[PDB]
Amino acid sequence: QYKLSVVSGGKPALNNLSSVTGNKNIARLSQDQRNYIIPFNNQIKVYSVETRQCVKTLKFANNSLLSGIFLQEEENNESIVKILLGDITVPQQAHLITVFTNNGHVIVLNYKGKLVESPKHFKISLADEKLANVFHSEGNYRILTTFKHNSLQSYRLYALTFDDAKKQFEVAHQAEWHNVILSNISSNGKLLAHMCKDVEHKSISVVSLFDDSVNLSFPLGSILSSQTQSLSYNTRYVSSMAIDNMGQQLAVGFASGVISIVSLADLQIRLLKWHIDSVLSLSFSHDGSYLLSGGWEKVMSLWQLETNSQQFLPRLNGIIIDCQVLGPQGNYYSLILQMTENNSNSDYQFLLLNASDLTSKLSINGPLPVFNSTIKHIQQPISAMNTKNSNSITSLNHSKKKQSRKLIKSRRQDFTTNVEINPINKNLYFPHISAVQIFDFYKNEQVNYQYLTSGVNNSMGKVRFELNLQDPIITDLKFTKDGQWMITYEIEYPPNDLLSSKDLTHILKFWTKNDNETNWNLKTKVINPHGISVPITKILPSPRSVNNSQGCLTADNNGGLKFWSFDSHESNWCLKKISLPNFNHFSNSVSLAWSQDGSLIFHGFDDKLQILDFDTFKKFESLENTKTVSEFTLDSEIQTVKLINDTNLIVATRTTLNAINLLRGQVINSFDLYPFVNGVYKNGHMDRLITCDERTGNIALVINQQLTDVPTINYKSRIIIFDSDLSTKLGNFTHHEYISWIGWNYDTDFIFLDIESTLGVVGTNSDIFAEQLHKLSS
Amino acid sequence: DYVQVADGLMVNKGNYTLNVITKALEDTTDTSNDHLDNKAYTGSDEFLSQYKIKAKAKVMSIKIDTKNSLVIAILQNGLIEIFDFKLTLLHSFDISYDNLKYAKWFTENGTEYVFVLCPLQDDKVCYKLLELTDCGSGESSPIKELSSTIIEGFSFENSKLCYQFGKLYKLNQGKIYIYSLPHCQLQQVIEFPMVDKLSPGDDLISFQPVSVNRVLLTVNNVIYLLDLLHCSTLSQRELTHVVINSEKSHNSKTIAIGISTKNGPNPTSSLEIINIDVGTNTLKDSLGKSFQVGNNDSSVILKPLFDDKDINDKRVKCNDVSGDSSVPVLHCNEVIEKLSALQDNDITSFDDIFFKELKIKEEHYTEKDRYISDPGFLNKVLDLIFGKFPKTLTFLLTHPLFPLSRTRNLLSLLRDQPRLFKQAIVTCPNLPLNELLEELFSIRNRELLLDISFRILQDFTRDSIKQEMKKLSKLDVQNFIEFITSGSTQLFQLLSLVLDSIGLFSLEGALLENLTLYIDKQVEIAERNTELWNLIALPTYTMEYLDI
Amino acid sequence: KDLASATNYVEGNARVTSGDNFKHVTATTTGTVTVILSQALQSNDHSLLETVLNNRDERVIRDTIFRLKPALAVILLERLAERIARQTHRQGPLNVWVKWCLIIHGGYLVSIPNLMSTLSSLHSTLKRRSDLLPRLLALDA
Amino acid sequence: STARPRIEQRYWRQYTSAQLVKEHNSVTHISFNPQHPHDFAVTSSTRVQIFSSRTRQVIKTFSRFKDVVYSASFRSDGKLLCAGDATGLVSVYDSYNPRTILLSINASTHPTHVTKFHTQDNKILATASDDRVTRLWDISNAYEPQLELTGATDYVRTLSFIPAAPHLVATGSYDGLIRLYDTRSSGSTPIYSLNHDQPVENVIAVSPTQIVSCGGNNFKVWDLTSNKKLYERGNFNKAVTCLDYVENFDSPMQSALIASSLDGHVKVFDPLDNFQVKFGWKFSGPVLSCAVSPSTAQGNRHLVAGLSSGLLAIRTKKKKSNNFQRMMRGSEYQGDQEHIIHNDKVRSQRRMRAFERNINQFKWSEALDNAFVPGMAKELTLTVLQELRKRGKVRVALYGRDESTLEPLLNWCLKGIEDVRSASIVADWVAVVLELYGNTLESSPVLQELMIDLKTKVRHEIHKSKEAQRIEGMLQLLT
RNA sequence: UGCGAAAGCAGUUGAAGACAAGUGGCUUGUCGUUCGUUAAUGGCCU
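Chains as they are written, first to last, in the authors' numbering: chain AG, 9 to 101, 104 to 158, 165 to 215, 221 to 730, 734 to 788, 818 to 831; chain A8, 27 to 34, 120 to 147, 153 to 358, 368 to 514, 520 to 617, 631 to 679, 702 to 713; chain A5, 348 to 372, 430 to 545; chain AF, 2 to 8, 23 to 334, 353 to 512.
Just so you know, the hints here were simulated from the structure itself, not pulled from any lab data.
One or more hints might be untrue.
Listed next, the in silico DSBU-like pairs over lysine-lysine satisfying Cα-Cα at most 30 Å (straight line) [as the list claims (entries may be wrong)]:
1) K378 (chain AF) / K544 (chain AG)
2) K473 (chain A5) / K499 (chain AG)
3) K434 (chain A8) / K639 (chain AG)
4) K370 (chain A5) / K597 (chain AG)
5) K531 (chain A5) / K596 (chain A8)
6) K648 (chain AG) / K505 (chain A8)
7) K11 (chain AG) / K434 (chain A8)
Negatives, chain AF to chain AG, calculated, CB over 10 Å [said to hold, decoys possible]:
8) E23
9) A101
10) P113
11) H133
12) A179
13) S200
14) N233
15) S310
16) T331
17) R380
Virtual Cβ for every residue (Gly too), placed ideally from N, Cα, C.
With the hints as extra help, turn the sequences into a complete structure.
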């Protein structure tokens with residue numbers, strides 16, 4: 009009765025091609041600017057901008073029709089690169107969109123109501139392994155193609177020509193060049209500009230594509246002044262650029278933060294200077310009097326050119342990556358946030374905002390997970406320094422070779438994310454770096470985003486030396502599982518080169534929400550329980566046995582345990598009972614368990630399963646000594662002690678499995694675990710890997726890593745479901761892509777999470822007059 | 027599923128009262144009663165009585181007589197009140213009701229004319245019951261239930277003659293059908309090893325359970341779901357479980382089949398005619414504290430042989446789970462042959478255990494984690510190496531690295547060989563703090579003592595250390611404190640342990656003042672090496710020299 | 348507020364406390437003052453409680469703390485915990501007050517079963533102090 | 002986009032304007048207007064003084080009594096007032112007009128100690144002198160009472176009624192022995208007596224079901240529907256002199272009752288959770304007659320304390354042209370009877386300060402300067418030091434300063450090392466500045482005076498911390 | 001860079017190609033180069 013069904017949405021899937029872009033955004037509007045056609049990795053979303061909802065999705069698994077283009081195993085780099093508005097084949101005749111992914115697969119997708127099940131899966135001849143773009147105007151569409165050196169691609173401008181041979185589009189081969197380090201297209205597409213690197222120095226060209234009009238090249242050594250002839254490469258290096266639609270103005274945003282403006286005929290130099298970090302986002306208006314700029318500071322800054330001044334937008338809560346205006350009269354700013362508070366994933370954030378009061382309409386998220394390391398081609402953006410958030414200019418080949426060969430020669434690849442599920446409304450919390458993301462996966466979006474520290478997350482853009490002021494990372498938060506409290510615990514760091522910079526220090530607090538609001542109010546905080554400088558790593562919440570989920574027992578890596586129960590005579594949270602066995606050793610590989618009726622407390626220390634009672638906080642030493650065994654000892658270093666119900670149990674160590682019965686105080690069964698995992702985990706991570714059902718056990722997940730023919737970029741989910749304390753392998757669900765965690769949603773189902781972040785689940818005459826008046830309505 | 031087991120009318124009171132059981136007796140006239153009092157008069161007795169009941173006040177009692185009637189008796193005053201003989205066949209197991217709770221004239225023939233606890237308060241004739249043999253009176257909404265050998269189940273309530281429910285319950289010849297403590301079921305015992313709890317809301321068997329020992333007298337206590345089953349040839353009542370606010374411990378019901386073991390409390394000494402010794406003192410069933418001891422209906426010590434995955438052909442998609450021997454030899458036949466080789470006819474030499482450890486599974490002369498280990502195989506291997514064979523070089527370097535020895539390690543203080551004891555006091559985590567404490571309070575003070583103090587801080591809790599060191603020989607600790615005051632942080636935290644263990648006053652002043660000087664140079668070395676730790702333009706005119 | 352952006356962190360009016368403490372689970433020698441301390445711990449009155457406990461002298465503090473009752477020694481030690489919680493600038497002469505209840509009364513607080521529950525102010529405050537005492541000695545050295 | 006983040024007993028201690036007026040003798044007890052106690056009377060010797068809720072002095076008084084007077088009591092309508100003296104000729108006369116006397120009728124020749132009207136009837140007045148009998152006089156025909164309420168063993172001294180139950184009069188004598196007579200009875204027996212021990216000081220009825228009596232060094236409660244006590248309190252130096260009760264006023268306590276006990280502090284218990292004080296505030300000695308005003312004082316609310324010396328302490332809580358106006362007339366309509374209503378307001382927040390906006394604009398230097406001034410708060414300075422250490426780099430905050438700017442930092446760490454919560458962090462502050470600024474002190478040898486002064490006081494404080502740690506080590510040993 | 005723990009433990013620290021500069025040639029420094037080792041006065045609004 010169980011089966012794989014991958015359901016919910018994932019990443020926005022932009023042009024994740026380092027310098028192979030000038031736009032890196034094809035989230036288009038209709039020509040009636042009311043609905044937003046945005047691609048994903050998992051869907052196509054059509055949004056009503058007047059309500060910020062989805063009027064129609066085109067999911068990437070519901071049709072084999074489309075997903076023959078992308079449902080394969082290792083070639084899942086089928087990313088989506090261009091959207092046009094009308095039928096390309098027929099001349100302008104009604105409104106259904108066309109779609110190109112990275113392989114030149116022409117798709118003609120339906121746009122209104124319900125789709126017709128014949129998408130014209132057209133394909134041009136040469137588009138075998140490429141698509142940079144096509145560029146659009148009336149009639150003529152001109153494809154930018156890439157062939158193969166010094167790590168420079170070759171860009172060619174061919175034309176889609178299609179007049180009467182109704183089953184073949186043929187290219188027309190206008191332009192050729194073989195050297196690109198950075199390129200860009202205009203906001204109307206009628207002009208582009210690239211660089212060439214061709215030594221007596223590097224050079225920059227600006228070319229037309231729809232005529233013979235303006236085709237020129239010039240070395241940028243003239244644009245580089247004597248100050249940047251002298252000083253370092255962060256001043257010599259172009260970070261971003263922009264061109265005008267007219268063809269008389271070229272912005273070059275240099276990596277220091279200066280924004281040069283050069284002309285076309287006379288080639289003057291003109292300098293714009295406010296940005297302190299590097300600049301990544303440069304675009305002109307359609308009239309070319311305002312220059313939109315977004316850098317690593319959290320501000321959206323737009324320059325009026327004929328005053329050379331600026332209007333700000335202070336707190337975008339992230340890092341701006343690309344921005345332009347795209348209204349035909351120029352009323353809508355499309356842009357990409359990134360918010361690199363987690364360096365693991367390139368988790369962007371698509372949004373547009375009005376030009377009226379700069380209010381944001383339809384912040385389009387993906388699910389933003391909290392991994393442990395970089396995933397699969399996760400490069401870092403170009404800053405001036407090799408900071409903790411990104412690498413510098415000189416470490417491009419260095420960091421890409423380091424990450425690629427690290428994933429080749431590594432053996433430690435867990436990145437197991439911790440989440441939670443809310444028993445009020447069944448949305449899943451991604452506890453972010455010093456924050457949360459409450460994702461309601463029923464319609465694959467968010468609801469809010471609360472900050473969870475009193476740090477420097479919000480009120481300051483992180484600049485070149487403040488980037489190493491990382492924010493206090495939270496580890497986890499516990500729901501009171503009536504859905505009432507976020508009991509969060511977080512670790513915090515100081516800036517380095519300080520005597521108090523040694524320790525990473527700890528703080529917990531308590532959050533209450535009503536069912537009305539989506540935020541949480543802070544009830545109380547507790548700064549370093551169990552004394553100072555002690556981790557509080559494993560805390561367990563309680564069922565409705567004691568006071569309708571008021572029990573939360575805090576633990577330690579040292580092995581101390583305290584009990585914590587809410588009360589109302591003291592309108593506050595406080596503790597109940599105290600224990601700190603101060604071992605002079607420590608071990609952060611600790612699990613815990615607790616009985617669902619409230620009887621047994623299980624401390625799974627470093628290979629000793631000590632047993633306390635509930636009532637008196639101590640080791641149960643009764644008055645009989647007839648198999649009242651209140652201390653187990655397991656085979657090796659364990660990571661989980663899990664109780665599925667009050668009779669039997671699963672403990673998990675590094676090498677094998679074991680099952681325990683406690684009414685019948687013995688061991689039961691065993692499965693192998695080291696034939697599955699080699700060295701993949703860090704200690705304590707099997708706890709957040711597997712999570713029990715209320716009835717039907719748990720799903721131990723096989724961690725695999727598919728070898729080359734070192735691991736290649738094929739991956740696994742061959743998950744085998746277990747029922748009722750290690751009894752049946754009743755389903756081996758096969759899948760070609762990775763996994764991080766599996767949780768239980770309360771309809772006896774098991775939601776799993778992909779790294780390519782797709783959430784899924786294994787679970788259970819007057820009529821003619823009326824019609825013609827409906828046609829005459831508009 | 028059992029509880030704490032021991033012990034090898121008025122149905123709610125107990126001792127300190129007048130007479131809570133004027134109880135019927137087999138091989139007597141009808142009945143008798145005894146105090147640990154009141155009279156036991158004639159209630160139109162002298163019949164085939166096997167049971168007896170009253171009006172639960174011990175002054176208007178009766179004697180349940182097999183003549184279809186129940187006439188009142190006088191047990192306190194002497195003025196018995198009149199009654200009415202209803203049936204004419206057998207009422208030797210009759211019982212009066214409360215003030216209009218449950219009374220009907222279904223004596224032995226299913227003739228259930230409903231009435232009250234009176235002779236003149238009569239109700240409608242609910243005589244539609246078939247030929248039944250199991251008549252029970254429960255207090256859910258007071259209800260007489262009939263299980264019939266025409267097999268059927270039914271229940272009626274004596275409020276306005278309301279037949280609640282009933283179906284065709286296939287009830288055969290059983291042993292003991294008591295009601296359940298939750299009142300919505302009944303433990304109806306099958307003959308030898310079985311007692312089915314049947315949910316008495318629809319006469320359906322809800323859980324047909326098996327019994328660990330012989331079940332002959334099953335009676336459900338004033339508990340959550342606990343019953344007592346007394347065996348055939350004994351007065352032993354096993355306490356099993358499947368009323369929670371003030372849970373009763375004794376004087377719940379009067380039912381057993383032991384050696385005249387009626388009036389069944391936990392302390393069932395004061396009986397009605399028996400006058401016997403006493404038994405259990407256990408309360409009702411707890412939440413989850415009794416079930417960790419009460420391991421009945423299943424008693425075994427077993428484990429699987431580490432079952433692998435359901436074989437996955439992935440020779441094109443290998444898992445990167447080893448560069449070494451992933452699937453090792455878990456051959457129990459090879460392990461049995463190797464252990465029989467170690468305890469075989471070569472046993473005169475240490476080669477008999479060395480070559481057996483070689484011909485056993487791939488343990489690299491010291492290393493665990495090839496868990497070729499069932500509990501019986503493990504303890505027989507440990508017995509053949511702990512027999513009358520510190521000798522072997524492979525096996526006794528393989529066994530400091532074992533987390534499982536489980537209390538035969540009292541021998542470790544007595545056996546005194548240096549390097550095996552050093553490996554055992556650094557690695558194997560089964561050597562208790564008693565042995566650790568006397569080996570610490572040895573006064574030869576070498577790296578053995580350093581390593582066991584490191585082990586006491588690596589494994590042993592401070593509160594157990596304190597309450598174990600509270601009462602021991604004072605001469606060892608005072609001699610060691612004098613030695614260390616004359617002439631390392633493991634020893635200083637052990638000094639903290641013993642100098643919290645000293646108590647308040649039970650010492651002298653000169654030795655402790657010299658210890659105060661020792662700890663004065665301790666505070667000065669502490670402050671001086673933490674000091675070591677956190678230690679670790703142009704003026705107006707000058708006269709210049711330059712060459713010409 | 349724009350619901351396309353993140354909501355802001357705040358504490359509001361949360362009760363700030365670290366993870367330590369919980370409440371729910430004829431002369432012939434010297435005549436030093438007793439009955440004024442008795443009527444002082446009848447009420448909670450700062451003026452007369454200061455005129456009895458403004459003391460500084462060793463034998464005076466000894467005789468006062470011992471010659472009062474052991475049924476008030478618990479709440480007297482808790483009131484001295486209140487004093488060292490209100491201020492620790494002037495801590496020198498009143499540390500003597502805090503310490504002599506622990507010195508001269510030894511059996512009564514031990515026979516009292518709930519020490520750390522009702523006494524959750526004093527040793528919790530002194531261990532809040534002595535938490536950063538390794539850090540304080542490191543900083544000062 | 003978004004904004005920028007920002008980083023009971025209090026009610027009874029916001030009672031102030033506690034002024035003093037010394038009488039010429041002691042204050043027996045007081046009274047309050049029952050319909051509106053915006054005036055109140057105190058019973059001075061040979062005069063009764065009546066004060067308002069505004070001017071807080073005598074607005075009217077009567078002083079043609081000839082002996083010391085004892086009892087002043089308003090009728091429930093609050094128009095006339097009764098006064099009993101030591102002569103035993105109890106006088107009733109109209110209030111808000113002192114110079115008229117309605118009727119002065121003699122009681123027994125013993126001094127009439129207490130005299131109070133019926134709580135709901137407007138024409139029958141209870142008097143009690145030391146004749147061992149109390150009287151329910153009728154002011155329509157004040158020639159003989161209706162009831163010679165006899166049945167006392169000695170010295171009937173304090174009267175009260177039961178509020179909702181009319182026929183029950185609770186009198187109290189100097190025998191314990193709180194009697195409660197029925198007015199339809201013979202006037203010789205109560206239906207039962209309440210067994211107080213001491214001579215009762217006075218008794219009030221705080222419910223129609225529960226009364227509180229006080230006499231001796233503890234006060235008692237008494238149930239009347241079952242003759243039961245549920246409560247006593249005796250934490251007073253002398254006997255609880257007077258009682259008072261109030262219902263439904265503006266506090267975190269719904270209803271209060273106070274007991275005043277000749278020992279400075281007056282205690283404020285509550286029948287919400289069985290009679291615990293919030294906090295009792297002292298006075299200038301033997302407090303004899305002390306009460307706060309009743310419910311309908313409407314904001315402005317006075318507590319008065321007439322001591323046995325006689326000084327009254329009064330502590331009170333107190334909460353262009355027509356053509357231009359026609360030009361700007363439509364300012365208050367605010368959208369009542371028309372279709373839709375917009376609301377797009379930004380809120381004028383709390384007052385952002387100069388140091389706060391210095392943090393907002395990275396003005397770290399003048400943020401430090403605004404921290405280290407005596408005009409700003411000390412805990413504000415601690416919090417801004419903690420927050421800017423957590424926020425920014427102290428190196429780039431101190432990247433160009435000298436010792437003339439560094440000196441208030443050291444001058445305030447001089448007193449802030451002794452703190453409990455900021456000791457090691459201000460030690461880290463001086464640690465950074467001496468970590469990177471030794472060249473300044475070796476050029477200018479000035480501020481090492483404060484460095485060595487700091488050193489000796491921090492040796493004192495580290496000795497203090499060491500001895501505190503070993504004293505809690507004594508607690509650990511005697512656990 | 002690897003393990004591990006809020007801890008120490010082991011190593012990279014290469015080469016080629018091209019260019020720049022000082023002196024056809026030589027000498028000093030780099031690379032939005034293939035390969036290997038796990039190693040710029042420019043700062044946040046209504």
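Right, here's what the structure says about each hint:
1. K378 (chain AF) / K544 (chain AG): 29 Å, holds
2. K473 (chain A5) / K499 (chain AG): The given pair, whose Cα atoms are some 48 Å apart, is violated under the 30 Å limit.
3. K434 (chain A8) / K639 (chain AG): 39 Å, violated
4. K370 (chain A5) / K597 (chain AG): This hinted pair holds, its Cα atoms lying about 8 Å apart.
5. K531 (chain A5) / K596 (chain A8): 21 Å, holds
6. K648 (chain AG) / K505 (chain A8): Since the Cα atoms of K648 (chain AG) and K505 (chain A8) sit roughly 21 Å apart, the hinted pair holds (cutoff 30 Å).
7. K11 (chain AG) / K434 (chain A8): 19 Å, holds
8. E23: 13 Å, holds
9. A101: 51 Å, holds
10. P113: 52 Å, holds
11. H133: Given that every Cβ of chain AG is farther than 10 Å from that of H133 (chain AF), nearest at about 43 Å, it holds.
12. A179: Per Cβ check, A179 (chain AF) is outside 10 Å of chain AG; nearest 33 Å; holds.
13. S200: 47 Å, holds
14. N233: The claim holds: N233 (chain AF) sits with its nearest Cβ about 27 Å from chain AG, beyond 10 Å.
15. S310: The claim stands: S310 (chain AF) keeps its Cβ more than 10 Å from every Cβ of chain AG (closest is about 28 Å).
16. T331: 31 Å, holds
17. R380: Correct as stated: the minimum Cβ-Cβ distance to chain AG is 17 Å, above 10 Å.
In summary, the numbered hints that this structure violates are 2, 3.
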